[PDB]
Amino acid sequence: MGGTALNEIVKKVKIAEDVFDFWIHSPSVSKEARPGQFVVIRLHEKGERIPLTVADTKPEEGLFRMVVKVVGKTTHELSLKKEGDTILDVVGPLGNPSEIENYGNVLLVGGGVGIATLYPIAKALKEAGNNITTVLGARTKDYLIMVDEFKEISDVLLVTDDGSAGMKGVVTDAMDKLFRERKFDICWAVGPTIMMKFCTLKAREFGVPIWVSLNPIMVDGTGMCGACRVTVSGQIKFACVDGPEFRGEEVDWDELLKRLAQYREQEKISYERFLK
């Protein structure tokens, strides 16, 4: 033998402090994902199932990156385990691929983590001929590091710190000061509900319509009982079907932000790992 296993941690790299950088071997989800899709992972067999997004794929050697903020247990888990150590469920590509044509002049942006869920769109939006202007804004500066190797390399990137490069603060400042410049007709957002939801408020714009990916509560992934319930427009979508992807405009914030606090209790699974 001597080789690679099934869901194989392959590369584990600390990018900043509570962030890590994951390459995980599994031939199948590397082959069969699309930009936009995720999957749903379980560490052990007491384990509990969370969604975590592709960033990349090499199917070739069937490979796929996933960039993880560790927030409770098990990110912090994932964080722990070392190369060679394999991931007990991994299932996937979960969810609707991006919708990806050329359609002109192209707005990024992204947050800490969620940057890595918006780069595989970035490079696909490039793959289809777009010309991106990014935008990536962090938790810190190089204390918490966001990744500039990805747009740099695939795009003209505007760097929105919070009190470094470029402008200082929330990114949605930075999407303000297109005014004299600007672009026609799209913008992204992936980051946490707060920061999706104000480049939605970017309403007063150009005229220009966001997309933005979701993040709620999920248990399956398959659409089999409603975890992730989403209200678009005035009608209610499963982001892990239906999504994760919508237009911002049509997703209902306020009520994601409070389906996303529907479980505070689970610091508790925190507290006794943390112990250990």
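Numbering follows the first chain given and starts at 1. In this text, the rigid core denotes the largest set of C-alpha atoms whose superposition between the two forms falls within 1.5 Å. Compared with the form deposited in another entry:
Of the candidates 79, 140, 131, 98, the Cα that moves 2 angstroms or more after core superposition between the two forms belongs to 140 alone.
Provide the structure of the form deposited in another entry, given the form deposited in one PDB entry shown above.
FYI, this one's just the chain on its own, none of its partners or other molecules.
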């Protein structure tokens, strides 16, 4: 009837070898979402619920942005979903909103897709009155790149990749290379668990407090099961309810990735999917 639909994919654009930037219509998620929150989705009736971060919102047009990396069937399937196709189930906004306010100077770090889940927080700080600096890292030398445009706008840019525009080794080498500046106040680390962990461990160099966004296996994302278990300081926390954002100093990090490797199947679902 010349209009849109509920979960319609309003835009799908590729930005890396396996990463996709979707814009999707959902007035509830668009209106209600605050930074640091996420949605759980299902693509079809045989689908699984999967967690993804709301990376931006256009409440006026009722859109929310979503960035997906293809590791298995579901993300692949959504990456294969054409513009106009609907996602069957969209649940959100979920999780505890980030803590935003006018602070001093701020440093942020993002690896892989976490960058896109890092942006919305970064965006909120700046409109809160902060002055930021950002460090971006990638998973390999040539292909699998990073978001060119969005961050440079928010602040001065630092790159870490076997290749262009910056250093080579790791994001933690880029940190500690502020030995000169040393900065102050807070930090943020989002990406693979290992990275965020070592970003925490780089509370050693600057004696800095590091915030972190955790990424465990989720099912409901509403707090009704506890698949997404997390040990904070000493106590069990649910990342979908109490998080996903915690203080890296408190997070049990080995426990997490020792639990992310819990279903070493989907080896299977991914293979069955990848047939023409």
